[PDB]
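Single chain ahead, written as structure tokens, the form deposited without the partner chain.
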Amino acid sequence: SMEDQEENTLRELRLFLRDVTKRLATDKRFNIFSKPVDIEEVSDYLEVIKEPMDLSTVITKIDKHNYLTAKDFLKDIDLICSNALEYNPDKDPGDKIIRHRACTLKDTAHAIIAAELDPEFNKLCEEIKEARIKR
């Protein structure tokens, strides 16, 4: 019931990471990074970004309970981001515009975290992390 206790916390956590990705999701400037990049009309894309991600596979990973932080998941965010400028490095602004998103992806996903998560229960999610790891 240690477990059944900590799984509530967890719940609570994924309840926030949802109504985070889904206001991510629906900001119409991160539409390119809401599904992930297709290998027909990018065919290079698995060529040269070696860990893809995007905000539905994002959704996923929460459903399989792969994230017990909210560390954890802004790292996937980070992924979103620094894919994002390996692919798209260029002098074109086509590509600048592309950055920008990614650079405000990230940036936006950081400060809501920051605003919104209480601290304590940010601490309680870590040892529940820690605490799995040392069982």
Second form
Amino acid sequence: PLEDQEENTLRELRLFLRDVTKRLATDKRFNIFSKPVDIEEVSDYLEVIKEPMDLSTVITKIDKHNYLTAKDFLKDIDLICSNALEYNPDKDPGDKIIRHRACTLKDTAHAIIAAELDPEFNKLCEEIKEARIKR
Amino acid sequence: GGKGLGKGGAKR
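Given the form deposited without the partner chain above, I would also like to look at the protein as it appears in the form deposited with the partner chain bound.
To see the whole picture, the full complex is given below, headed by that same chain.
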């Protein structure tokens, strides 16, 4: 009963997170982040990057109910950006474009959340997370 | 940062 009301809120959160992710993934600038890095082409990617992340994996994690707060989701967005900056050199413009897109993907995600997510709803999500940890 | 070979060019 308590659990069922929690479950409605979390469903509303996932709908929102899916909507945000759809907007990021359909933006052409972020196409390179919409699928895992091809570790066969980018043969040194796993040597350098210990936790790969991308928007299709984020979508999977939403559907698996891994995110109980927007901040949990934003941590994975942040990881996408952090990975891109750790991996891509900063000398040629073709590399710089990827780093620029990574930082812009991060800023966009945070800006959409800050602009659109209801702060009271966010706090309720955080309470549901905390409740489940402690029950 | 920038530790990897890169996504472009001949060696990736």
